[PDB]
Amino acid sequence: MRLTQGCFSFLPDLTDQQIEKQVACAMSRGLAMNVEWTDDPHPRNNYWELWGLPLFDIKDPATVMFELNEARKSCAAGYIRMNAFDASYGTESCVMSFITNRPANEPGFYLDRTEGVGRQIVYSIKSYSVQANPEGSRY
Amino acid sequence: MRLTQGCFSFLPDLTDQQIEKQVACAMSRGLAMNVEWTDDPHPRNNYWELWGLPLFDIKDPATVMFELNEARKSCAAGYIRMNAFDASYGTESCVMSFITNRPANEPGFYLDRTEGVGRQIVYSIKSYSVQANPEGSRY
Amino acid sequence: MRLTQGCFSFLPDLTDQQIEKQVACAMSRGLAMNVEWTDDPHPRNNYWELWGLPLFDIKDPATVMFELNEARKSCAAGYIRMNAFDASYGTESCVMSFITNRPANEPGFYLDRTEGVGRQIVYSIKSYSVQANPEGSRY
Amino acid sequence: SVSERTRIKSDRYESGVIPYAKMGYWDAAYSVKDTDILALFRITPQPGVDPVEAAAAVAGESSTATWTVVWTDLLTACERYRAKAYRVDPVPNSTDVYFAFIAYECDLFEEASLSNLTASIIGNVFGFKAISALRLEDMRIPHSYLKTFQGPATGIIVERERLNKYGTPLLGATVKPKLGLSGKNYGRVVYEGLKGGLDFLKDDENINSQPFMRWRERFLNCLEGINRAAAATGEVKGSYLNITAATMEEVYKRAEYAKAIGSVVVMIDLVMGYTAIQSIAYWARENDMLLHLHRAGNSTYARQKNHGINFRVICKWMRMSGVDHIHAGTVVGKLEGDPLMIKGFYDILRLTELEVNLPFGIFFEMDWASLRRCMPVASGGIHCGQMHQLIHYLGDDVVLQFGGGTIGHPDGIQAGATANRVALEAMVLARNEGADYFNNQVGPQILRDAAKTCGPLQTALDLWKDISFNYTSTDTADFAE
Amino acid sequence: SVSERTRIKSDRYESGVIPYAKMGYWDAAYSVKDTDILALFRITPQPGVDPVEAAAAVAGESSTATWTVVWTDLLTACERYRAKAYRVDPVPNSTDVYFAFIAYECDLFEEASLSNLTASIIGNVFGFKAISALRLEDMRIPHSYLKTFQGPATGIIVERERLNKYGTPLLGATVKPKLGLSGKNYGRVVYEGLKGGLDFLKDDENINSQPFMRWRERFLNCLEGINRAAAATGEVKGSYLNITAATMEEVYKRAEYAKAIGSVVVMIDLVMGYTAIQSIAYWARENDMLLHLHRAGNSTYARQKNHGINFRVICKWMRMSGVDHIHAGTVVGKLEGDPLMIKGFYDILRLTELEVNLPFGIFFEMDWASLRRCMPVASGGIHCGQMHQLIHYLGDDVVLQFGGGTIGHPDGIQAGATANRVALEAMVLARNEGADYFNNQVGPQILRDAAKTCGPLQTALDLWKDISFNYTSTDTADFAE
Ligand SMILES: O=C(O)[C@@](O)(COP(=O)(O)O)[C@H](O)[C@H](O)COP(=O)(O)O
Ligand SMILES: O=C(O)[C@@](O)(COP(=O)(O)O)[C@H](O)[C@H](O)COP(=O)(O)O
Ligand SMILES: [Mg+2]
Ligand SMILES: [Mg+2]
Ligand SMILES: [Mg+2]
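Residue numbers (this note's numbering), protein chains in the order written: chain A, 4 to 142; chain B, 4 to 142; chain C, 4 to 142; chain D, 836 to 1316; chain E, 836 to 1316.
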């Protein structure tokens, strides 16, 4: 299956040229970019691993692309996402996040069902990749 | 084991001739047929995957059998069921559902037991096929 | 003080001619008249004493006035009121009640105050005439 | 492709847009069922929009339709659930405004839920681009749906039995100034007005709890004034304690407090909304409390003839919900009220059944299913010199409220209340004697005669004799006689 | 007589009627305080009524005045509590309609209570005979009053953090047909729509609990469809479960049920009213629940320019009350929405502060006092072919809802959802690359380009390419540029 977290995952995987145009847009709005990696695709896995610090004072989109491609060289197989942070009052939050790398094969998830009270089901979403192997060895 | 969802699963697997007779009966009552597929056999898996839309305007049972056999050619190994829907007031529900296809080998389920309060057990029914492989690779 | 129960007690005491016109109005609407007496003027004394039965089948206002004047001759000093009853669906209730007789001197009431919880006061309205003498000798 | 092979291909359920009048929502031959909910809308179509298509669009988008065809209709008994516009008439003396009758299946609606009824009937259709103005004029609520609702907690009959007051209208007054008084001074006004003759006073609609007066101070001081007036007169007295608040928890706190100290009545504002109103209507029945409804905000949608909801529909919904009083107009006061419309409102609130009466705005015959009768309240800019007109237009079962008309008396609040009560009783007594009291000679003379022995009434009649509020009405009838 | 000797004899407080503009309610020299509540009314006086007197009447009868002078004013700090009409301007291109600005003292209002605010501002003045039409256009709620309110339970920022969705509008769809589906089939539609790409689906506003589907059946089946879709996609998914009900007790029961089974979101209808809405807004914050507000009934008073309440004021009241979403219009869909007005509504819901912007209908500067931002929802008769217009008019922080535009797809619900999501993402990607996407040549080509590799989008674009809703608006601006 295709993990469709991120805001462009119903489009084909983005090229480096496409990614740089999104980075250029965010940086032209004064936003801070950062890069994050995970091999736990669970929808509630809030905190993917930081690749360094966010690039607060960086002005050249090529510098962001450089760090993305260093993360691609160094990280284990899995997912990488590109985030843009807006520190301004009223937001103080991420305003864009999209996937830049995904595994060639993602088995996805199944739905674990526990018999609750009455007819209620207690649900747990389980990742095939995570239940099988530890972090760094999942894909 | 044999999955005994469906209303004829204590009889041998139905031949196409037998299925067509059930289809002809349902269509003679004005019911709408549809075909659905899954490879999650859990008893609480309500929503098997739709094979197209229900055949509301179809009047020839052979057309229903044509679609069943197209589903059989196209779907992964697993289960197919045939349903008959009665849209009339007072029912507005399925009135017949039976298995048309089942895997050659169904490992079945085990009963997971969690220690509840007092003597109570919190139960979860677990499918061997589902816990082992993702959708489309389970049988 | 003046007891101002009844619907005409902010007007002067009604003459017999005034009372007969009110009776004539109510009887022209098909209402049943009755006469009641009390010497407990408490606002929550719902059930004054019946003077006979209500005059359901009476058609001449003079007959109602006759019974009023018999009640006046027979009853102890106190209050008499004249009521008109509407048995119609949607009402089934009194639709007019006024005083026809009152004592020459009504001492009225005082307010008994019990210290409740917090700042709350538990109130009781006490009649001077009732606390002093039994029924039949209060005025 | 299986999805292409199984595409629906019938005229009605192939994908795409078709007119609502061809989707099942128009049927000139529809036979209305006695269990149907019926609505009457005044529809002003945009230029070029066919009047029947507009009516079918209202029927569709207030029942089961959306703007394009959906196959999922076929998983339901779809013909049963579609509403049907079944009659579209031109409005008299109008170009391109229509009266449209629409029938809704009983099963569309959640039992006992005004929020569900209104979610369908008024939810979205008033914002549709294709209709430039839309007004809900009347509804036929069937007997079977009415029986699921409580109706008034108390009702007119039990209310009068609790007060032991029969034969005249009830009397009341809003405390003034609207805002600013302390709890202690609020209790003083209530004491004086009740002692002077009023059956009730009331909190203004915007008196809830505020820096100048927190609500418990008002409630306790008013209970002292109420009980003082009761012991001074021998009558049941009360004041509508306003329990309107931000949250349901706070509303219940104020209601429970009012009950705990022995109030006969509480009041609520319509801005609290339908769900709070139904909750407190059940509470009022369960806690032996009269429930007074002030209709705050009603005129934002009820004023204009071309668009909104006619107040007569609000009357039905609030009698269903179960308030014991509702403000319903005066004709001659400072607030809008054409007499034909007002008389219609009062009939809807008070009668056991309704007959078609087009000059009164009663478009549907309707049995009230023995739901109790709701007490109308006539309030706003009226004064005792108008007593003959009030009795004529508004009848016996009404609360006549004189706020400024009591507190504005130059000789004090007790005098203002006495003037109002003498005028009321003198007018009713003369009426029952057969006086032609609505006549401009007779009525005012009845009041002058009573004033001969009542100084406060003489003063009030002289003070406000020139006061009238005569302006062109906005909410007017479409049929004469 | 002591009453006669102590009669008040001053010009202002001797008994009798005097104009509101002579009673303190008109002051052209009034210096507005930063703690004042300000209201802007569009006033249409009756013929012969002075426009300043009409404005003073609104100010008086929405604050402390009644129709005749009352001495009890003198028991209060009366000058402080009187509202002041302080500016009356002619409406552009009109000879008989006026814009009237009115200032209200902070202390008039109960803290944190929308029902008290509305009891004053809209309670009675819309029914006054002397004014033939009245509309509340805007309000300045001061910072000090705003801090007493919760504001949105969650707000746009935390909402996106709970969903882990940043960079595009959110996507949704109302289940159709509006009524008639069973709980099991409701869960099926929800499953298909979420699996196909939608972030949310939702109960129709009139889906509560009914003979064809009782609410617990819907809730449990939808939770199976939601969790199935989440496991199939790796995304947080949800559906707005409608907890609208007759009583507050039943509303809480449905809310608690939704929380107990793990729903991310519930929805409520505006017809439930202000007190229930504030109660559930507090509950939503305390129970980690997103709160979606459907504005059922709003157009009964918000549609017409001459009378009622402009929806921009409803936006302020509902953001104060604390809903997380509110429907706010589409411009290009089936419901009324002039783009200047709609852009104004969206700014009111989303910005941290407002500047005067008369073409957008923003008449007051206003700080939002760091109350959280409310998510606007664009819903009704829209389809994916319009994506460039929706992105242009409505911006990034919005939920775009496609009911018929999803379920009406001929190749099924999943295909309908996929077409909508591909169109959305392709449009946002192109916008961020710098495309002149609002251009009628560029925008539609972006969609056709994406459709070249997405069959469901190609099908949807061809099906609804001719659909538009082009009609004269009723709610229009008074100022240009
Ligand atoms: O605030 C007011 O003006 C009143 O207290 C009247 O005071 P006065 O007795 O001093 O006029 C009432 O709430 C209005 O009559 C309501 O109008 P309606 O009954 O039409 O809803
Ligand atoms: O019932 C309806 O029509 C909808 O479900 C839309 O369905 P479609 O998506 O099928 O049109 C929405 O409730 C309206 O959009 C509400 O209008 P608004 O957002 O203006 O309040
Ligand atoms: Mg476990
Ligand atoms: Mg008032
Ligand atoms: Mg809807």
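Careful, some of the hints might be misleading.
[Stated by the list, open to error] Some chain B residues close to chain E (C-beta under 10 angstroms, calculated; not the full set):
1. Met30
2. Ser31
3. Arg47
4. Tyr50
5. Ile83
6. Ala107
[What the hints assert, rightly or not] Below, simulated DSS-like cross-link-like pairs (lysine-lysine); rule was C-alpha separation at most 30 angstroms, straight line:
7. E/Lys844 / A/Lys129
8. C/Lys62 / C/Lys24
9. E/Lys1094 / D/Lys1030
10. D/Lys964 / D/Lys1030
11. E/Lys1287 / D/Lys844
12. D/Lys964 / E/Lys1088
13. D/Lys1019 / D/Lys1030
14. D/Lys1088 / E/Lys1000
15. E/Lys1094 / A/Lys129
16. A/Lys62 / E/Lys1000
17. B/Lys62 / D/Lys857
18. D/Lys844 / E/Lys1140
19. D/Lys857 / E/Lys1094
20. D/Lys844 / E/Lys1088
21. C/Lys24 / D/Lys1000
22. D/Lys1140 / E/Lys1287
Rather than coming from a laboratory, the hints here were simulated on the basis of the structure.
For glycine and all other residues, C-beta sits at the position ideal for the given N, C-alpha and C.
Verification of the supplied hints:
1. The interface hint given for B/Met30 is violated, since its Cβ lies 21 angstroms from the closest Cβ of chain E, which is over the 10 angstroms cut-off.
2. With a cut of 10 angstroms, the hint placing B/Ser31 at the interface with chain E is violated, because the nearest CB-to-CB distance is about 24 angstroms.
3. With its C-beta approaching chain E no nearer than about 8 angstroms, B/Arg47 sits inside the 10 angstroms limit, and its interface hint holds.
4. For B/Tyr50, the interface hint holds, since its Cβ comes within 10 angstroms of a Cβ in chain E; the closest pair sits about 5 angstroms apart.
5. Hint status for B/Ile83 relative to chain E: violated, with the closest Cβ pair at about 17 angstroms, above 10 angstroms.
6. Taking 10 angstroms as the C-beta contact cut-off toward chain E, the hint placing B/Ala107 at the interface is violated, the least distance being around 26 angstroms.
7. Among the hinted pairs, E/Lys844 with A/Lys129 is inconsistent with the structure: their alpha-carbon atoms are about 84 angstroms apart, more than 30 angstroms.
8. About 14 angstroms separates the Cα atoms of C/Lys62 and C/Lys24, which keeps this hinted pair within 30 angstroms; it holds.
9. Among the hinted pairs, E/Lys1094 with D/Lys1030 is inconsistent with the structure: their alpha-carbon atoms are about 54 angstroms apart, more than 30 angstroms.
10. For the given pair, D/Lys964 sits about 57 angstroms from D/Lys1030 by alpha-carbon distance, which is inconsistent with the 30 angstroms threshold.
11. Under the criterion of a C-alpha separation no larger than 30 angstroms, the hint pairing E/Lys1287 with D/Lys844 is consistent with the structure, at around 25 angstroms.
12. Restraint check for D/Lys964 and E/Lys1088: the C-alpha separation of about 37 angstroms exceeds 30 angstroms, so the hint is violated.
13. Distance hint between D/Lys1019 and D/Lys1030 is fulfilled; the C-alpha atoms sit about 16 angstroms from each other, no more than 30 angstroms.
14. For the proposed pair D/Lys1088 and E/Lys1000, the alpha carbon gap of about 41 angstroms is over 30 angstroms, so the pair is violated.
15. With a C-alpha separation of about 22 angstroms, the suggested pairing of E/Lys1094 with A/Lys129 holds against the 30 angstroms cut-off.
16. Taken as a hint, the A/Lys62 and E/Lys1000 pair is honoured in the structure, with Cα atoms around 26 angstroms apart against an allowance of 30 angstroms.
17. For the hint pairing B/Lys62 with D/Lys857, the CA-to-CA distance comes to about 25 angstroms; that is within 30 angstroms, so the pair holds.
18. Restraint check for D/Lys844 and E/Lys1140: the C-alpha separation of about 44 angstroms exceeds 30 angstroms, so the hint is violated.
19. A hinted pair counts as satisfied when its Cα atoms are at most 30 angstroms apart, and D/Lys857 with E/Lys1094 does not qualify at roughly 42 angstroms.
20. Simply put, D/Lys844 and E/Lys1088 have alpha-carbon atoms about 43 angstroms apart, too far for the 30 angstroms limit, and the pair is violated.
21. About 20 angstroms separates the Cα atoms of C/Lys24 and D/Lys1000, which keeps this hinted pair within 30 angstroms; it holds.
22. With a C-alpha separation of about 52 angstroms, the suggested pairing of D/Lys1140 with E/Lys1287 is violated against the 30 angstroms cut-off.
In this structure, the hints that do not hold are numbers 1, 2, 5, 6, 7, 9, 10, 12, 14, 18, 19, 20 and 22, in rising order.
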